[PDB]
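With one protein chain withheld, the remaining protein chains of the complex are depicted in position.
The letters A and B name the chains in turn, as written, and every chain counts its residues from 1.
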Amino acid sequence: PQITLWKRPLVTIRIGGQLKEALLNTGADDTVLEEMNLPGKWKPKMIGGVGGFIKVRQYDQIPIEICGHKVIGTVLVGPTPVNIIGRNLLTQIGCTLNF
Amino acid sequence: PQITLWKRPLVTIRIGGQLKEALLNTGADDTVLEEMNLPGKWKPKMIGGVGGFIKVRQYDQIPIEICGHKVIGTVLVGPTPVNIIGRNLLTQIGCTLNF
Partner (left out) sequence: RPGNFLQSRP
């Protein structure tokens, strides 16, 4: 699809048998989601944003569905105020910025 | 053109007749630039992201050229880690997300 940006680009994702709303975010290197449980090992990480840094849990090779794209990648879990889909998954769905 | 997301979608912009690199950021409602001078009246605003808020100066009706497209709009200035082009201007150059 072509998504115009008059609104926040929020879409449905499916992860860990849960449906969630998330933000398609070209300004994020990584995908970060609000507090949740994922299976398997993780490693602590710090990520930075506009107003400073937060600590997150890094989970690798997590399957996630984004607008009917079934993909697999790294998912960060921590106190982001909005679920964020970053470049690591946007590339996986063939997402480009066009003008 | 069509910009891929393997790397940060950074572009050259010209503002106050100064050339800078800025990030095309679909996860930002607004455009915020690192500390600089802009002419005219401004008012203070808080903006927040991952990890909290920063205080910025809101300047309106500011000309800015983004990858060769000349637009005029609201530009925020403050302690952002990077120059950010937000949806308020992305929409003005006809930028869409496409997959």
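Here is the rule we go by: a contact is a pair of C-beta atoms (placed from the backbone, for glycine too) under 8 Å apart; a residue touches a chain by one contact, two chains touch by 3 or more.
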Which residue from A:28, A:66, A:89 or A:90 sits in contact with the chain not drawn here?
A:28
I'm checking contacts with the chain that's been left out. Which of B:15, B:47, B:90 or B:95 qualifies?
B:47
Among the options B:5, B:23 or B:62, which residue touches the chain absent from this view?
B:23
Missing-chain contacts on chain B, rising order, are 23, 25, 27-30, 32, 47-50, 53, 80-82, 84, 86
In the complete complex, which positions of chain A touch the hidden chain?
23, 25, 27-30, 32, 45-50, 53, 80-82, 84, 86
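In the analysis below, only the chains that are shown with their structure count from here on.
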Using CA atom averages as chain centres, what separation in Å is found between chain A and chain B?
22
Which chain A residues qualify as touching chain B in the complex?
1-6, 8-9, 23-29, 32, 47-54, 67, 69, 80-81, 84, 87, 90-91, 93-99
